[PDB]
Amino acid sequence: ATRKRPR
Amino acid sequence: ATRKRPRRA
Amino acid sequence: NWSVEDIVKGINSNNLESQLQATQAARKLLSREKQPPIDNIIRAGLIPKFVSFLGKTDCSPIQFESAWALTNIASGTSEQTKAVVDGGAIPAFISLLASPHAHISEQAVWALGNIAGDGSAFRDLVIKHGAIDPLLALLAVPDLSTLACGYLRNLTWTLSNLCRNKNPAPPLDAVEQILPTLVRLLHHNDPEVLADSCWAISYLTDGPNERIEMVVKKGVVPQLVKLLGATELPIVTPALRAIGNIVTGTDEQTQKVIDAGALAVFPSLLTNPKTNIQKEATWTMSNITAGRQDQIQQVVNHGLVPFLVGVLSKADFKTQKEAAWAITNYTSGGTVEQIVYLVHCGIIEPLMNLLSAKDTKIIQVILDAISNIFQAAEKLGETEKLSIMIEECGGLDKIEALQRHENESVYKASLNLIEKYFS
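Protein chains in written order, with the entry's author numbering: chain B, 820 to 826; chain A, 820 to 828; chain C, 75 to 497.
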């Protein structure tokens, strides 16, 4: 459940 | 989208 | 210069010196004109001849001239690069890496860099032909400072192209073989070597967390952070891209960036005159505020929340959108006290002003943030006071305005927030 957003 | 260089002079 | 017809007549002479002079005339045509007649040279059928000249060990001049001519053909369109590959150039250039003449070996390095720079297929084909071992052997000296500057720059750039592109990423064992040499180059003080080494690291970190791990475990993060503070924009740009890539990974990988001191550079990154630096830095911040609440606390302690308020207040819209994400992530993971601190820094007014943006996704990001702040307010017994702030910012009635908005998606919280808080 990550809120990291890829490039 | 490539990455290239000519050699000039 | 010569016409292509004369070059063809000289190359067809079977007289080695006539062929050398014609090949030199081709290289001058290919290196001097802007709009060199590359297609005319290819259509005349000269590439197989140039490739055969690469193998003439008894005439090092014609090896150099044909290597230079083929380098510049390979620097063209993908079709022009494919013509060089189709003529057998790859294994001929790899053999030339062993030339006793440094000017010839560096020209073969350059040509292989142009071929690899075409894309992942030719990159991987250069690797399959065995380029990596002889390329790295050219760098096997105790001190890189003994190598010629231009030679070292060309090797670094070609190695960075072998680290290039994403679909697929380069073979794992090729990356492992190259990385120690790449880390040496990242510590070499020449601005162009540093820039291209940083680009290579940014490529290698763009991908899954396992790719990030193999870079991070070589210990390069403190050096990336040092380069993140360089004065040369061509160094800062790829260093910042690599740092940003690393913080898309795990919480531990993100913590290495913080531990290395990266946050101390962000006051200047988030105000940087170059729009692309601000955007990239604000995107990196949004992936750090998506971390653990002790990582959010580091953002707070470094004084970066006022800088996020600033970017949200005034910036290129794309940068403002990344700042809205940073805020929503922060509100999503932060403690009640961290959210209180964010409001005390003035986040509400610039956040309400961007609800007038015609981009739909930023409206949903901002309304998620407003929602997250209200639940913090609920936990304190404190909700109504927030509601008061919002409407004096004009934010109230531009929330109702958004219940007309086309999306079922903006419709949700627009009514939710009002039924639950305002009216």
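Hints in this document: simulated from the structure, not taken from any laboratory. Possibly wrong hints are sitting among the right ones.
Unchecked claim - Below, in silico cross-link-like pairs of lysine-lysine (DSSO-like), each with a Cα-Cα straight-line distance of 30 Å or less:
no., chain 1, residue 1, chain 2, residue 2
1, A, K823, C, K300
2, C, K392, C, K486
3, C, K348, C, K392
4, B, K823, C, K202
Against the structure, the hints:
With a C-alpha separation of about 28 Å, the suggested pair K823(A) and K300(C) falls inside the 30 Å cut-off, and the hint holds. Our distance criterion of 30 Å between C-alpha atoms is met by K392(C) and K486(C), whose separation comes to about 24 Å. Between the alpha carbons of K348(C) and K392(C) the distance comes to roughly 13 Å, so the proposed pair stays at or under 30 Å and holds. As the CA atoms of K823(B) and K202(C) are separated by approximately 35 Å, the hinted pair breaks the 30 Å bound.
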